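Shown here: the complex without one of its protein chains, the others still in place.
We just call them A, B and C in the order they show up, numbering each chain from 1.
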Amino acid sequence: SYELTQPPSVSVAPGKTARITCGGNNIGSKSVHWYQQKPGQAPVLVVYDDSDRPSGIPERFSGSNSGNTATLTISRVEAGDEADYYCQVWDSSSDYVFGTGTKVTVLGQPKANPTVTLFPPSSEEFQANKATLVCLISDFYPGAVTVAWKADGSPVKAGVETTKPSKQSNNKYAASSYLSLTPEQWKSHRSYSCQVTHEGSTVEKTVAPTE
Amino acid sequence: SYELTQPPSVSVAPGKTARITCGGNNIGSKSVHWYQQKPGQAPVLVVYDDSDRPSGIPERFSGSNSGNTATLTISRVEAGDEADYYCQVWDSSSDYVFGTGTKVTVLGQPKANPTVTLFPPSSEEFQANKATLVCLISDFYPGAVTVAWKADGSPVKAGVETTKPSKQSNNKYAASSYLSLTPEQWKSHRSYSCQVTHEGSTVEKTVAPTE
Amino acid sequence: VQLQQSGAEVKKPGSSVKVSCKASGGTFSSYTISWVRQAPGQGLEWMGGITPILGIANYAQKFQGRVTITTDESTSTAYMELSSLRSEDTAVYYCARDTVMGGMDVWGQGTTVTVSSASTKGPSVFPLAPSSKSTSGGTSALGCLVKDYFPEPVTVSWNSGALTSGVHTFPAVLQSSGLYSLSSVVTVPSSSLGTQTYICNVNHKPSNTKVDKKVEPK
Partner (left out) sequence: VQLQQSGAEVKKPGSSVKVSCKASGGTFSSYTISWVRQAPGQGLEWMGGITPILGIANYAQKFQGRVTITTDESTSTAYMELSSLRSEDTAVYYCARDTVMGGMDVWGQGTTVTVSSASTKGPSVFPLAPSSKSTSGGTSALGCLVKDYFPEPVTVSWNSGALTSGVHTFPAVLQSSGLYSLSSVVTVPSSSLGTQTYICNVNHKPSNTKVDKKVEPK
């Protein structure tokens, strides 16, 4: 097969110009196609055959290709341009090849520190022999974080499940994380903690079977 | 479905008569069929429709059915009669149903105590990160044993694999058991042991990474 | 024109699935239709394709053997059948019209196919009580844990739709158990706690289950 490389992230301020690159061996020889895909929706051809724009696509979307690097440019960036972008080429050796894709973040909002709420298990869940701690992370921006759990201070390996952040009705992001365990473990520790790291900053909340 | 129950084992001495039962709810109503199956061979119809013998089956094989118990009888037991025996009936509710089966052991040979040889791992295997101990049990009769491994005296849970005993060329039985582990574990214990229990008696062999 | 795909599929491992792609105009004419798929949070992967007016089909090395792209008599529908399904086949399957130069201009809405060894299970709903202390002086957060259901999806509302502002229902998590879990929370005035009853209304059609859980102060 062939391979198309794409930066995983490209954040740009509204109005500014965004350049999304795609790299491949003499990709300049091939015919480059670019697709746009917004959450929950299907891909949309925005630029085809190196630089043609299908009817319906704004002129801001210009395309170029030469050498081993194909580039998709979006000028006068609009919040509506936020999406995942994929380059693609037809390779008689690989048939249809898609790039790794690039999430384009249109930074039209100031940084927002996350709000963290940690709920202890409901005794009710105990009757199912389960004990789940739920860490809800809300109101942050951009949408990228990392969660970490602790038991009496030391990290926790087993039982964690975390969702990728997604947009709240208010255009900020939220995420949730779970620490699954037995009612015994829960009651046997003095406390547990959910630690959230966002834009270099850390917020940590704690609960105790006692309080 | 319906259910046919059969004693798991029936040992009889040559010449004597062997009776293999089959229990089922009013099995007496159904047409009972008995099959003979020796190792590596396919089933053979020996008695059908409660008591009919297909051509080729010795008269010694008599069958009967009444009540909730069907019975296969073999008179003047012969070594060649040693095999697994299954009863079967057609049940309009379960279609074809087979009994659990009964292994018939013709005890035409004295009890034989097992010889046990325990081989330590060959260094060669270490080159594959493996270290297997092999316990070969042989020359025993009848063919039934229970193997147990130990490490420095305490039982071993993980890494064991044992083959069901099968006949040697001399009409006695043999079995093999393996204890799989790493070269580290092997060399980290003072010794290991293979315990074979047969007809109420126990034989144990030991090896040490030392000697 | 437009491509209409078949609905979501829930399958047990080892079985097979067959998806449909209907041309809006009634036929695919001389076009070549491709089947591309996308796993959760993953990129786009080409699976194969067919040109209905020629009865010819291609396949990607990776699926050669497990896929079969066919079409009906009228050539008005393209089918994609994946066999020996694996948890790894869980993804959204699209169909698209190929371009002369190698791209794809028209895509379907996609079909979700989930592969799990689990069987349909209504949800257990637990409360996320607000702290005896309180949350954020003035406002407060309470919620619902919609634990271990299958398949997706579940919908959540609050106080029968009355309480809308301050609400957020999170995406689901797929636990090792093969079951789905999700939470839905709302921020409310810390003063309402005790005088205002709060209930999350959960609905999981796959199981004809409906839960109205009351969330009270710890």
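To be clear about the criterion, a contact is a pair of C-beta atoms (placed from the backbone, for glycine too) under 8 Å apart; a residue touches a chain by one contact, two chains touch by 3 or more.
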{"item": "Contact residue for the chain not shown (choose from B:65, B:88 or B:105)", "value": "B:88"}
{"item": "Touching residue (missing chain; options B:136, B:156 or B:203)", "value": "B:136"}
{"item": "Of C:84, C:155 or C:191, the residue in touch with the unshown chain", "value": "C:84"}
{"item": "Among B:146, B:166 or B:182, residue touching the chain not depicted", "value": "B:166"}
{"item": "Given B:122, B:146, B:182 or B:188, the one touching the chain that is not displayed", "value": "B:122"}
{"item": "Contact footprint on chain B, counting only the chain that is left out", "value": "1, 30-31, 33, 35, 42-45, 48-49, 54, 86, 88-90, 95-101, 115, 117, 119, 122, 124-125, 128, 130, 132, 134, 136, 138, 161-164, 166, 168-169, 174-176, 178, 180, 211"}
{"item": "Absent-chain interface as seen on chain C, which is shown", "value": "13-15, 83-86"}
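Rule of thumb we're sticking to: only the chains that are shown with their structure count from here on.
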{"item": "Centre-to-centre distance between chain C and chain A (centres being mean Cα positions), rounded to whole Å", "value": "18"}
